[PDB]
Amino acid sequence: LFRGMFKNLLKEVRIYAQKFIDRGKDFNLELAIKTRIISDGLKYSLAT
Amino acid sequence: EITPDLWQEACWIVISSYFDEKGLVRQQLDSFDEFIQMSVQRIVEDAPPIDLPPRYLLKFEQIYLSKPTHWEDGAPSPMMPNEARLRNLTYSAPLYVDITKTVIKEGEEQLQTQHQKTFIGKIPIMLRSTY
Amino acid sequence: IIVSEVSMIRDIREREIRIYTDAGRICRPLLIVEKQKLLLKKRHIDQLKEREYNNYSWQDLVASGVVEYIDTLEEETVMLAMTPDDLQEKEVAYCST
Amino acid sequence: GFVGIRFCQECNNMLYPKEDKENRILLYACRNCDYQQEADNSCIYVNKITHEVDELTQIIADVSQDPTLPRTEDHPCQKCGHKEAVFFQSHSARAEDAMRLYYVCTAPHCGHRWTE
Ligand SMILES: [Zn+2]
Ligand SMILES: [Zn+2]
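Chains as they are written, first to last, in the numbering used here: chain A, 1067 to 1114; chain B, 20 to 150; chain C, 2 to 98; chain D, 927 to 1042.
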């Protein structure tokens, strides 16, 4: 599960940066990473 | 010297030593510790860099994992398993990874604006583990 | 050089030595028996019976070379024995190996 | 008798058979190369319906040094005349109907095998 969630996080940051650079501005990785992937994903898998 | 016919007793001392050194659930703890020791680092390292007009590398490495905490309107404090059990909390600890952001554009100018201990998420921790 | 979990399987009929180190290989510990006699001698039993007072533990036995973890895939190529004394003294030649 | 594959000399491939209509003889050609060679075995294909295979040709000397294989002394070797020896069944699938043993001598440098 960790591999898949990490890939999801990578895809999220990819699209985030893409959207930001399209305007020519620099993106902030702080907002690019979403915490609701790893923690939420693990909670869901172990609970359901 | 060999142990003839006085061996029923000597047979159970070795069993007692084994069950003392390694618990009943030792396999679970070992598996989880090995995960937290190597698997996470392996997964975060083997993932390829990311690139995207001017582009950038944005490479990851050097994870860190701290002890469980509640308020990582409250200050950080170590959450005990009974506390989490009694308050319906997720007994987990934060996970950090050191990230090196490098963007290169025309004019031969890039900067390794790395960020230390960028919080990623929370990983649940098994009771009576190495962490 | 080789941790205790690794397992070496010797395939006699077809010359193949297959060694496995990945995780999950369910295994268990057994005593070693060189010719017809165990390596677990009174010395080991004594040192172990005084455990919990000095420091002696299972790891000492594993290091000394008296016990050994065999995994199921290796268990198929070992002439196991049930109890030391009973199955080794001297009788009709069953396996004696 | 059997037939074993013979590969080409230049292209090193499977050589098919060919009946020389002119000289009325048997030749082996190459699909790709034009290599020819006069055959000598005068056979092409043989089928063994009974599949009479000698298990001794499959047994190997190394089986002797097996810790999970029975040992007897009542069947000493022939060449070396040693006493210890091992025995086992065909251990081969498709065993038609037989538990005839195959004794193998237990000693280095002998590797002798026989059946009784
Ligand atoms: Zn040819
Ligand atoms: Zn012989």
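Hints should not be assumed to be uniformly reliable.
[Said to hold, decoys possible] Selected chain B positions facing chain A (in silico; Cβ < 8 Å): (1) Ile55; (2) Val59; (3) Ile69; (4) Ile118.
[To be verified] Each computed BS3-like pair below joins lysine-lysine, with the alpha-carbon atoms no more than 27 Å apart: (5) B/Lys136 / A/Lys1100; (6) A/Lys1085 / A/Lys1073; (7) B/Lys41 / A/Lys1100.
In case anyone wonders, no lab produced these hints; they're calculated from the structure.
Beta carbons are placed, not taken as given, at the ideal position from N, Cα and C, and that holds for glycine.
Next item on the list: If any of the earlier hints don't hold here, list their numbers in rising order.
Entry: Numbers 1, 7, in rising order.
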